[PDB]
Amino acid sequence: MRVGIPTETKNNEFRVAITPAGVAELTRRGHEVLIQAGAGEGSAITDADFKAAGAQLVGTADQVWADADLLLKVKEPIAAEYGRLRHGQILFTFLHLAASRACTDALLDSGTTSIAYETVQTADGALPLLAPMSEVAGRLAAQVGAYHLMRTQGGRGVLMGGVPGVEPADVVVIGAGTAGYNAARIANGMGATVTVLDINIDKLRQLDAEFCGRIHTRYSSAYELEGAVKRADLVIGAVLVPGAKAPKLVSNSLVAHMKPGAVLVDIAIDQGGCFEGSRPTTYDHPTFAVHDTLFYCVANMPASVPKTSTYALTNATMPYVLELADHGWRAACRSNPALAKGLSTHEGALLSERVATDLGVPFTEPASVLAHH
Amino acid sequence: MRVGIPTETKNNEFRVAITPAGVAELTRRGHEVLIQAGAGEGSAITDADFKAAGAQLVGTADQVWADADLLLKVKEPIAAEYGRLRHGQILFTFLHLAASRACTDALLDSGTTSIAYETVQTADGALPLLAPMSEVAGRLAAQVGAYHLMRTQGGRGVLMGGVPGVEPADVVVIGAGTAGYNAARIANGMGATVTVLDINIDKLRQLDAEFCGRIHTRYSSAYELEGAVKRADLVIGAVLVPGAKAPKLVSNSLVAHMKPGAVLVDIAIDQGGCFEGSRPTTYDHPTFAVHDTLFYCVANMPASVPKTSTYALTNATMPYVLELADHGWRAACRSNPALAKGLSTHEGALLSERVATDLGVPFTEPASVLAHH
Amino acid sequence: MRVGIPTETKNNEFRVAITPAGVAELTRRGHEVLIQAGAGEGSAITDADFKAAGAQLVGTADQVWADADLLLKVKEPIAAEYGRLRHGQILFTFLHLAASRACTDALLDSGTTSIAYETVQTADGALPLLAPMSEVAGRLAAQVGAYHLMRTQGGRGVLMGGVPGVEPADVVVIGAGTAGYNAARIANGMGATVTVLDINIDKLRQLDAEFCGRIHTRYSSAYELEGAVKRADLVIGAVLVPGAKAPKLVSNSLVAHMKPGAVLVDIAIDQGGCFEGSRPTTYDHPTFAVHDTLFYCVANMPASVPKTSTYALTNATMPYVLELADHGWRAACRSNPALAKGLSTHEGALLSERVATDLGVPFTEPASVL
Amino acid sequence: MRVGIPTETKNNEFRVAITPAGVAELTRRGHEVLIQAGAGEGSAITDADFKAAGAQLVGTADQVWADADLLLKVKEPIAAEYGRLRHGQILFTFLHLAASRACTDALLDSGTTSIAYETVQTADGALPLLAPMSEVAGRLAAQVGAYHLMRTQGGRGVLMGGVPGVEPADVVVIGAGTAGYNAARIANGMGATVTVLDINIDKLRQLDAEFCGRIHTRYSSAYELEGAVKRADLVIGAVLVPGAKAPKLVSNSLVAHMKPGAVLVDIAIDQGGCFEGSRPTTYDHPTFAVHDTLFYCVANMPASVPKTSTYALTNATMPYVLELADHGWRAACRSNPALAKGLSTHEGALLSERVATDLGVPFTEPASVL
Ligand SMILES: NC(=O)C1=CN([C@@H]2O[C@H](COP(=O)(O)OP(=O)(O)OC[C@H]3O[C@@H](n4cnc5c(N)ncnc54)[C@H](O)[C@@H]3O)[C@@H](O)[C@H]2O)C=CC1
Ligand SMILES: NC(=O)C1=CN([C@@H]2O[C@H](COP(=O)(O)OP(=O)(O)OC[C@H]3O[C@@H](n4cnc5c(N)ncnc54)[C@H](O)[C@@H]3O)[C@@H](O)[C@H]2O)C=CC1
Ligand SMILES: NC(=O)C1=CN([C@@H]2O[C@H](COP(=O)(O)OP(=O)(O)OC[C@H]3O[C@@H](n4cnc5c(N)ncnc54)[C@H](O)[C@@H]3O)[C@@H](O)[C@H]2O)C=CC1
Ligand SMILES: NC(=O)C1=CN([C@@H]2O[C@H](COP(=O)(O)OP(=O)(O)OC[C@H]3O[C@@H](n4cnc5c(N)ncnc54)[C@H](O)[C@@H]3O)[C@@H](O)[C@H]2O)C=CC1
Ligand SMILES: [Mg+2]
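Chains as they are written, first to last, in the entry's author numbering: chain E, 1 to 373; chain F, 1 to 373; chain D, 1 to 370; chain B, 1 to 370.
Derived from the structure by calculation, the hints contain no laboratory data. Treat the hints loosely; a few may be bogus.
Here chain B is said to cover these stretches of chain D; the calculated rule only asks that three of the stretch's residues, wherever they fall, bring their Cβ under 8 Å from a Cβ of chain B [stated by the list, open to error]: (1) 130-143; (2) 156-167; (3) 309-318; (4) 336-350.
In this text, a Cβ means the ideal position worked out from N, Cα and C, and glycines have one as well.
Isolated chain E (complex conformation):
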């Protein structure tokens, strides 16, 4: 088949959905790889690099979308792209549909077959395609929160680690999964006093073992979260219900009780945000004020480190890409239950139950389009 990779178009999106190694492997398997000229430049992959691997370089985004049977992207199609969505094409990208009725409507109305990276889910419950991005986003959350804590950024004016005799920053991380663990680890590596909250006590046990209690753990209740957030210099919101809209855990009323100059980084903004006051921001204008605090709500965090994140992502996705290319969406999803959990839309049908409930749209069973005859 033809697999196509357009340039990413979201604000400051420097990533690309394939590397030369992946192109050479698709070409070796008999596939045709079409890449928009310049697509890899943000990640320092030249057109010449992609060409040497076996790709054909096309001039326009229109032609990539039109000719590709399998379309690989990094982020979700935005408004100026909805017109390129096709019936009978497979879209394989991050989608975050529970957070976007407009994105969902566009996919459904086009009749396309889309599979979301972030809902591909193995039997142990892990999300292997989201994982590398959560690792990047969590590590970044610690450094951006540290940066915005500087008084020159409107922040409280506290050094992450303090210095001998002087208190460090108090950091609260909500969520002890991939992003929360990575945020906690880097914040702790910067010398900050880190508390992590989760409702999953086994994830708290993992953190407790790994850092020998140096990273504090608290069972997450409204009662506990409220007290921890009031004491915080920096709050990192890192919760997830897979494929679903994030719960609002930090109320604006609570934020009104925070220290002036406190910073809140909502990593969960891609799924709607776990702070009441959260709304999507961009790398161009990443922050806004709520009461006396600073909110940071960038929904494509890993875009700023594309030399890291482009490879981290494709290291994980390529095995699924190869199966989709070789066998098509239906056979690949039948052969691989984890891939099938990524099924999002097909021929006008919403195949995600959580997204269906979250948006108030009718739900079609994934087992129906995968049923045998």
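Given chain E's structure and the hints, the job is docking chains F, D and B with the ligands onto it.
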């Protein structure tokens, strides 16, 4: 005596040279404390805070300078303050004279008695007043370097710590003293691969013990510096020869051979900069390009974290401030050789040999102004 | 029943198939334990140590083999022992039958019932009796790579950990499984800069968390693998692909590009080696040159630390030995599918499909004898 | 001035007294650096590497010695080199003149000015040019001890780290100084249970603080030492008594009570062993039996890892070398009392009191030549 603390006037300087605890202790000792209205607001110390501790709040900077027997500051006087310098006043602050003939001439021509925080030196050779600021600046250098490595900042687009399976940032720190050690420590905590260079092998031994060889150490020669710098994503310049102009260790020629979008943070900018291309920058406009790299050269780094740095500084300076108030400069310096080593100017005489050598200006022995009659 | 443990007879094999602790447990359960005099001396277990535990010490190998209902060994029987193989006896040892037609035929001709340690396999797919040997081999690879890096051994002359101000050895481990993990851990403890490569990202993620990034991890793409190997003073090959010969990941062409005196330790030599240029070496002549490089490829690494290895193995085999002794092979294999997976021969029948196809011998389904 | 570096000519000596970094610093300052073709090959430094840094490479040892004002070496001049020693040249190398009347007399007869690396000494009493060699030797001790513990080398057959469920090696380090600290650190990083003994309780506190109690510490007495050694798989002797030969802390009688196959590495063999049974061993035959134990006694351990050792040493000597070249011996020694402590010979006068006492030669006070 009257001890006067004006508002700092350097770009983004939120620190103040005393706290209410210090003010209360001088007042207890029978000294009058004059503070410019608003001097502590950057460090969240209100005029009310200073008044409750016993300070007289004054409206203008002109009055503080004119009335004060001992004038406490954080940074060196700048041009708009040159006219405020006075004969018969003791000025106690960070001076960095070897890096400013203009500041030196202004202090000499005024006839003022000045004592540099950064040359107060104990018999073991340590600089106890520079140290806390070096700790702050070193920790900041790592977080600020990480930030500027983001592609959105014009950086290489590499995450400090990488993520599993993907290479982390390569960080080179020049200088294994207080600032370098602290920069290495934080960069390493962020997951970067850190190499520290020094000519002092016992400082390398210290780092090797502390992080179990996780922080790499290399004997500093031009040859090792070159190889190290060419491989670096982030270079942190942290060398010092106490009281002297910093040596130029990274040439513009070497910078031309660096990776595109590499970041170089010159902490040693306050002594003239240890990179050939360094010139002083501000928190408003901190970076500029040299060849295909970004230089960061802020000479007042600890100003961005005044909640940490004002307290760290005053924790260290206050013991000396008390001796100067109680006994005046000559008796205090006679009784404390460490304080005497900070002596910089008196009545048009330059009392620092390193500054005199580096500026090509006549030197007068500190012992001669301290001699008994 | 009677459990017999003879002295190992293969060259440089100093291990033994039981310790005093296992002897005491068998004996407490009512079993007789027969041990050949001197069997434990290679592993620093004296005859007195075994007797104190309850063993009957026996003068000759013949008597042990003759009187044992269950015969425990470390290595496969070799040619001078083929006549000792016995119908109605259970043999439990490392067999590696796909590697020896001679051994397979001897086992088949003997009518004996044999169970191989290396194919005992639990439901998650782990091999609990190979595991301890992979741990030992991994840890040894770091120590032996360090030694051979000394210029007096023909290596580059680089100390694993450097000294302050001086560059440590650059160590690359290919494979993040049991042996590779253990290799990485010790080499990192010796102060080397360690990079681990794997195609399994979960295993890299585990290494990253455990050492907080001290041990570097790279996804095993051709570009990353070749880059890492070119920079390396020491390469440790610790790859296994289930059911297959080791892939040749390091080509002679790549080796021509390495630093002179660089050392390559191929743990996976027991599956053919994961370097193009690997071939079996010996404790007598453990290294050979390929290009300007030193290869080390010893197939029986754990034999070199028999005091450690004997305990690692027998701690792992113990629960299976106790079930076999208490219940007999058929009931024990019926009750424990992990054990049943080790079933190798019974009464002239070959019970492993992999061995059967590899050797060109008729396969008999294990279900048919159970 | 002209700084000359000849090839080392002692058997198995493959270090060199300068690196390209050193050559570049000397040449940037306007000095001429002359290096015998092939001098750095043992340390993986090619003639090309030296030339690129600014060295002139010369075909013969004779030319280097004849043309050099400052002659840098690693070992003492040997008999074949006595004819090359010159009045008006400065020699800077490890000399150990107390150990050789023949070398001392050749230096005196020649009229040469010589400075011993090993007696350069700062005010706190430290020997900064011996220090990197003690670091290398201590780290090497742990790796070679691990290797010789293998049963295939005649050791007990014990892996340093054990493996889960199995006992690690018991390692005893005698001396918590530079070599001892470094041996303890590497042996601990290999997973061994390490106990360090010293009479200096402050060195013990440093070890306790730095490894959080994981490295065990015991006050050194004959009684404690007897107990520790009897439990040890590996003993590392790393004692130094300033101004004296190594005390014999481990008697042959004690060695008789040790575990069979225990390994003892005597780092202090250069002063001429802290074990009663120690005698010089060689890289050809590095170990020998005492009772049921294996002794390792190599007097030049750092020559094993020349790439590491050369850089460790020459990074240490570099600032002294730059002073000598920039300012000549007289001004450099006057300005640096540490450097002056290394003064050995000048114009037939012997400037070390210790050497003059030991050999029965007249002593000339170094201050009288300065
Ligand atoms: N902004 C960006 O660029 C990126 C955002 N993300 C987002 O980060 C979020 C977290 O991702 P992962 O850490 O990979 O997920 P994860 O599933 O590994 O962890 C989420 C954790 O939140 C916990 N949790 C759920 N509800 C909770 C509650 N009410 N109170 C306390 N804890 C609760 C869960 O128990 C779980 O341990 C997701 O929305 C993900 O899409 C990920 C990558 C990039
Ligand atoms: N920009 C800012 O806001 C601040 C700057 N600083 C500055 O940072 C600099 C370093 O301060 P500290 O770390 O406290 O000094 P320190 O004395 O503790 O350490 C300096 C280190 O540089 C090494 N060094 C000197 N010359 C060298 C050479 N040629 N090559 C390699 N290494 C060499 C020394 O051996 C020493 O270990 C000073 O200039 C200090 O004033 C300190 C605080 C704030
Ligand atoms: N020489 C000796 O004396 C001994 C050798 N061994 C052998 O060592 C080998 C490794 O054993 P274990 O560590 O227990 O296996 P394991 O199954 O625990 O791990 C092997 C790893 O190799 C990885 N791998 C596969 N293909 C790869 C590639 N292209 N690049 C990088 N990594 C890749 C796998 O993903 C897996 O994580 C086996 O052949 C085993 O029999 C074991 C004991 C002793
Ligand atoms: N074989 C070789 O190639 C090399 C040998 N060496 C030798 O290693 C030896 C040790 O050197 P360094 O560690 O640098 O000396 P060091 O002075 O740093 O430390 C020696 C330690 O031995 C301790 N010690 C003295 N008497 C003791 C006793 N009765 N019990 C326990 N501890 C005692 C001292 O308190 C001191 O802490 C020296 O003889 C040195 O020449 C050094 C380099 C290479
Ligand atoms: Mg000079």
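Tell me, in ascending order, the numbers of any earlier hints that this structure violates. Failing hint: just 4.
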